[PDB]
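Just the one chain here, laid out as structure tokens, in the form deposited in one PDB entry.
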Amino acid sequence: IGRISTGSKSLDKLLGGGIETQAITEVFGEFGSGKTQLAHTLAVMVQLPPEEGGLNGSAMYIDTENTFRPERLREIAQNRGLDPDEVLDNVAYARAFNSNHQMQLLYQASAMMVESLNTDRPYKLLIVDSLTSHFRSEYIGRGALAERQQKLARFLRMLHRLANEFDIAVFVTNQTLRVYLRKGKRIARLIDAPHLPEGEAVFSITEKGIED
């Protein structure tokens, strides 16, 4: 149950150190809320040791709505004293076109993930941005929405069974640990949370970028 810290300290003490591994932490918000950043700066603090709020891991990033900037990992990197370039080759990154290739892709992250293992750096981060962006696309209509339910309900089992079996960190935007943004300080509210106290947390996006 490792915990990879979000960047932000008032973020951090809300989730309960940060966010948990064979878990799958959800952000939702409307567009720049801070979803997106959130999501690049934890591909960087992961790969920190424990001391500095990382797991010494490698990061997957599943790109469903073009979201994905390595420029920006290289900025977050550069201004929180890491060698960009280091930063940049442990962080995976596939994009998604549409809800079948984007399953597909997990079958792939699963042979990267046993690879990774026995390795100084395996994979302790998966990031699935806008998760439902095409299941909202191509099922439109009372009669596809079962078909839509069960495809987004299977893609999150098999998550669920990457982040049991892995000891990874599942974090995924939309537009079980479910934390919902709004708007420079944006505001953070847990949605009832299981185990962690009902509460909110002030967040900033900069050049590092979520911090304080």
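Positions refer to the first chain, counted from 1. Take the two forms, find the largest set of C-alpha atoms that superpose within 1.5 Å, and that set is the rigid core. First, how it differs from the form deposited in another entry.
- The Cα position of residue 141 differs by 2 Å or more between the two forms after fitting on the rigid core.
- With a cut-off of 2 Å and the rigid core superposed, residue 196 has a Cα displacement that reaches or exceeds the cut-off between the two forms.
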The other form holds:
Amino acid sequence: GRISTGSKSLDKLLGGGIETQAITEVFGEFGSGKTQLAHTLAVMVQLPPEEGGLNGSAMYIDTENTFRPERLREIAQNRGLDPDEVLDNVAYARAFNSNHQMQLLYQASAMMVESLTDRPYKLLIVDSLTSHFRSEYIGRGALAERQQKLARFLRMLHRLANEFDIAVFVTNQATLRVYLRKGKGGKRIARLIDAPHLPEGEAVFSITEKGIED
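To complete the pair, please output the form deposited in another entry; the form deposited in one PDB entry was given just before.
FYI, this one's just the chain on its own, none of its partners or other molecules.
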């Protein structure tokens, strides 16, 4: 299954949108649109496939204190959706450290089994995948433990994507890596990284009251 990003241009670069049974990783500097894309996907996944969704629910793990329910309400209202229904279909959790981030995947798996209902979870967002690891290993970047912990976290994410047929979307400041940046005139640009046999070009997108869109 594929979830639309809200932007026809970015969807075309991604082959239709982000895939289930896969980890899509968006990386870029602060202000590049990573969190806004996550918020938009959390609404789009709820739509029927003809409208870019998978008739599903979204799970959002926030490690940077940047999750905004009022933004989901605005995206829903500006796409003609009931905002209260959209908020009821998004489960969110703040992760305060890397241990908590991993523990929340066990709770996520329990919620996913229970939802297997007319609106199963189809999207898991981790925004961001590495913020806690970077802060916890300041002055200790050479320690193998940091890479080993991240490897265990990614292994669990792949297991969830495959067992529940869910798209995993992670941000970084990977089945598929996407780089976001700003060009001339504040143009927002996305391109694929280390993706042989996939589009090599760039896609321009915008951030508006509807979230991500052309």
